[PDB]
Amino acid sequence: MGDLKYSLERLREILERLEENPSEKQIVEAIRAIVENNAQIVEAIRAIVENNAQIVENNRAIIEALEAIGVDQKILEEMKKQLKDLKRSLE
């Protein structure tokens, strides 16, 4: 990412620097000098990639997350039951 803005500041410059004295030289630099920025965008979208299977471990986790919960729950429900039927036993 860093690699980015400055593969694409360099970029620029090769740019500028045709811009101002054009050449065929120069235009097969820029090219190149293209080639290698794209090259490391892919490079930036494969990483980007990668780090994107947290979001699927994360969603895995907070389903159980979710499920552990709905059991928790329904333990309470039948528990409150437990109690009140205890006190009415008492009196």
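Positions refer to the first chain, counted from 1. Here, rigid core means the biggest group of C-alpha atoms that superpose within 1.5 Å across both forms. Compared with the form deposited in another entry:
- The rigid-core alignment places the CA of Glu13 less than 2 Å apart between the two forms.
- Comparing the forms between the two forms, the C-alpha position of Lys81 differs by 2 angstroms or more, with the core used for superposition.
- Core-superposed comparison between the two forms: the CA of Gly70 exceeds or equals a 2 Å shift.
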Given for the second form:
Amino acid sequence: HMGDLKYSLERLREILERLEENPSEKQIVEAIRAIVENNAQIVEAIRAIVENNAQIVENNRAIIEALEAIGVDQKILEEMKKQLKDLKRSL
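Okay, that's the form deposited in one PDB entry, but what's the structure of the form deposited in another entry?
Nothing else is written out below except the one chain.
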């Protein structure tokens, strides 16, 4: 959409220079039509950005779940410590 944004805006500026040269009701209306079409594209882009942000957060969420599991669980960790307590006793 960033392409349509750049050009939807370039189109907009052309009409504006035009409008400022030969102001008329038709040119004003034409300029407003162009504005509306540019806002429609701004809205579309924003809707996409907000969607990208949502996916980013889901990826970040998965990253934390991974971090959550990187350690050694306290169930096996507890097993090894007792094993060591035992060995130290016998020894």
